[PDB]
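**Q** Single-letter residue listing:
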Amino acid sequence: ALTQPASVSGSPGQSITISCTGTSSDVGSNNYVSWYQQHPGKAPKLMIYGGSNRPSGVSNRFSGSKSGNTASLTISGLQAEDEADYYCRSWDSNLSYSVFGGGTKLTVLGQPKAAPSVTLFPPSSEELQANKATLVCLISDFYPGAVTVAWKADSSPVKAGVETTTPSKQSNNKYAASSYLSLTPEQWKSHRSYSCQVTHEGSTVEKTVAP
Amino acid sequence: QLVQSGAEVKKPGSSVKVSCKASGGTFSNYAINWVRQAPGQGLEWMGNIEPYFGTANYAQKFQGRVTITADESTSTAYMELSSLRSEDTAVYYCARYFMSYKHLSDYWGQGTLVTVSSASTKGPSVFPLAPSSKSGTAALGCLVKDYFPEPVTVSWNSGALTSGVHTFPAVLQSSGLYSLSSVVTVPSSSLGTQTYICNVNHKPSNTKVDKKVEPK
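For the record, the sequence lines run as chains L and H.
Read in the deposited numbering, the first sequence has 169 at position 167, and its numbers run on one by one without any break.
Residues 3 to 137, 141 to 221 in the deposited numbering are what the second sequence lists, from first letter to last.
Chain L with its partners taken away, still in its complex shape:
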């Protein structure tokens, strides 16, 4: 298909270009090449079309170039928002077959580090009665998405019996993550207190809760 660098980096105000290089039966066979911006969990937004034209409303900081069998997207005046996956698209001369690039993960450097904001909930009464006990640890808006969770029982690593998620690029570029510790409505009562250790970089926040 079309190959583009897996990732790129850049500091605010700076500007980089993402290359999309294909063959002579596609990119090199016409001016039907476009660029899409895809922010986490959202649908792709058309940024450049027909090689260099921008859709109405797209920041002219985005420009598209094309030459030979490769296309180039250049982002200038780099802003934090610009951070997302970028895809290039090609249409054969007949407009009867299109193909996308592998996508390139752009990441804006020099972004302020934030510590996780943790919150731990104890098994609801209702659930307990339903013979189940579930601890819920919601980790919020931190940066980078480099966090590690560890659960304890009274003070001892209740490793295994948990289930954590993967950092998810929130709206405000920071990350979030859940973590659920499932256990018996007996093992919860028959134990002092359970806790959710959330270590991340230097900071290590931990919230404990008890029956």
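Think of the hints as simulated: they come from the structure by calculation, not from any bench.
Mixed in with the good hints there might be a few duds.
Cross-link-like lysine-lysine pairs, in silico, PhoX-like; alpha carbons within 20 Å at most [to be verified]:
| id | chain 1 | residue 1 | chain 2 | residue 2 |
| --- | --- | --- | --- | --- |
| 1 | L | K44 | L | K107 |
| 2 | L | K47 | L | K107 |
| 3 | L | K154 | H | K216 |
| 4 | L | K47 | H | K136 |
| 5 | L | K134 | L | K154 |
| 6 | L | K161 | L | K134 |
| 7 | L | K209 | H | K136 |
| 8 | L | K176 | L | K115 |
| 9 | L | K47 | L | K171 |
| 10 | H | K13 | H | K208 |
| 11 | H | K12 | H | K208 |
| 12 | L | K134 | H | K216 |
| 13 | L | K161 | L | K191 |
| 14 | H | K216 | H | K124 |
| 15 | L | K134 | H | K124 |
| 16 | L | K191 | H | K136 |
| 17 | L | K191 | L | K134 |
| 18 | L | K176 | L | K44 |
Computed footprint of chain H on chain L, listed as stretches where at least three residues anywhere in the stretch have a Cβ under 8 Å from a Cβ of chain H [said to hold, decoys possible]:
| id | region |
| --- | --- |
| 19 | 49-56 |
| 20 | 113-126 |
| 21 | 136-150 |
| 22 | 175-189 |
Pairwise CB distance ranges (calculated) [said to hold, decoys possible]:
| id | chain 1 | residue 1 | chain 2 | residue 2 | range |
| --- | --- | --- | --- | --- | --- |
| 23 | L | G15 | H | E82 | 41 to 51 Å |
| 24 | H | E219 | L | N62 | 43 to 53 Å |
| 25 | H | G66 | L | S127 | 49 to 59 Å |
| 26 | H | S30 | L | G79 | 27 to 37 Å |
Built from N, CA and C at the ideal position, the CB exists for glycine as well.
With chain L held as given, fit chain H onto it using these hints.
**A** Using the frame of chain L, we list chain H on its own:
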């Protein structure tokens, strides 16, 4: 402009029909394109269909087990992928180009999550996450437990409470079932004088669970 049908599970050999309803307003009659994206992977073009001629196009990779049809009578296009294999698990989109201001632009649907699994559709169990103590400001929410497949849609006060809500990404349990939570930040002083309710929708099972939250 483009509204797609809902999420479904389909056994590893079955078929699935995704519907795309062009309900916009337009003087542009371009094709309805179908692009899918498996979790974490990139975009993949499947094919399209020019409504007029009725002529449909298919990327070779899908030729043989995919059929794109348009029912002009309802301005709704359809994409049917068959011989469903596990790698077909993905979000399916429909898109269409159009002229906005002498400049091109292309609208994308919201996509639909087709889960290829030999597992049965299970409705969620909604538990209240009462506030107070470990919550000036207090946090309360709902724990949507053991459901399948994705996704689940958490809302507060039928939609009124659209401020300070935080529905997290689901977590996959060892059991293969899904679990997710949705918290809200609210004024501790408003607690006793405000009714909080999370309306959880799991279309895959046509279930909506309205759970009220509160303390002692």
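**Q** Now tell me if each hint is right for this structure.
**A** Now for the hints, and whether the structure bears them out:
Of the supplied pair hints, the one linking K44 (chain L) and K107 (chain L) holds, its CA atoms being roughly 15 Å apart against a limit of 20 Å. Of the supplied pair hints, the one linking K47 (chain L) and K107 (chain L) holds, its CA atoms being roughly 15 Å apart against a limit of 20 Å. A hinted pair counts as satisfied when its Cα atoms are at most 20 Å apart, and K154 (chain L) with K216 (chain H) does not qualify at roughly 30 Å. Restraint check: the Cα-Cα separation between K47 (chain L) and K136 (chain H) comes to about 41 Å, which exceeds 20 Å; the hinted pair is violated.
Between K134 (chain L) and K154 (chain L) the CA atoms are separated by roughly 19 Å; this keeps the pair inside 20 Å, and the hint holds. Proximity of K161 (chain L) to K134 (chain L) is assessed by CA-CA distance (about 19 Å); at most 20 Å being required, the pair is judged to hold. For the hint pairing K209 (chain L) with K136 (chain H), the CA-to-CA distance comes to about 9 Å; that is within 20 Å, so the pair holds. Proposed proximity of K176 (chain L) and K115 (chain L) is supported: the alpha carbons are some 9 Å apart, at most 20 Å.
Simply put, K47 (chain L) and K171 (chain L) have alpha-carbon atoms about 17 Å apart, close enough for the 20 Å limit, and the pair holds. Restraint check: the Cα-Cα separation between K13 (chain H) and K208 (chain H) comes to about 18 Å, which is no more than 20 Å; the hinted pair holds. Note on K12 (chain H) and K208 (chain H): the hinted pairing holds, with a Cα-Cα distance of about 15 Å set against a maximum of 20 Å. Of the pairs offered as hints, the one joining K134 (chain L) and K216 (chain H) holds, with about 18 Å between alpha carbons and a cut-off of 20 Å not exceeded.
In summary, the hint linking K161 (chain L) to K191 (chain L) is supported, as the alpha carbons are separated by about 19 Å, within the 20 Å threshold. Proposed proximity of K216 (chain H) and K124 (chain H) is supported: the alpha carbons are some 18 Å apart, at most 20 Å. Of the pairs offered as hints, the one joining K134 (chain L) and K124 (chain H) holds, with about 17 Å between alpha carbons and a cut-off of 20 Å not exceeded. This hinted pair checks out: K191 (chain L) and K136 (chain H) have alpha carbons roughly 18 Å apart, not beyond 20 Å.
With a C-alpha separation of about 12 Å, the suggested pair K191 (chain L) and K134 (chain L) falls inside the 20 Å cut-off, and the hint holds. For the proposed pair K176 (chain L) and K44 (chain L), the alpha carbon gap of about 16 Å is at most 20 Å, so the pair holds. For the region 49-56 of chain L, the assignment as covered by chain H holds, since 4 residues bring a beta-carbon within under 8 Å of that chain's beta-carbons and 3 suffice. Counting residues of the region 113-126 of chain L whose beta carbon lies closer than 8 Å to any beta carbon of chain H gives 4, which reaches the threshold of three, so the coverage claim holds.
With 4 residues having a Cβ less than 8 Å from any Cβ of chain H, the region 136-150 of chain L passes the three-residue criterion, so the hint holds. Coverage of the region 175-189 of chain L by chain H holds. Counting CB-CB distances below 8 Å, 6 residues qualify, and the rule asks for three or more. At about 49 Å, the CB distance of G15 (chain L) to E82 (chain H) agrees with the hint of 41 to 51 Å. The given range of 43 to 53 Å is respected by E219 (chain H) and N62 (chain L), whose C-beta atoms sit roughly 52 Å from each other.
Take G66 (chain H) and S127 (chain L): their Cβ atoms lie about 55 Å apart, and the range 49 to 59 Å holds. With their beta carbons about 32 Å apart, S30 (chain H) and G79 (chain L) fall inside the hinted range of 27 to 37 Å.
Of the numbered hints given earlier, the model fails hints 3, 4; all others are met.
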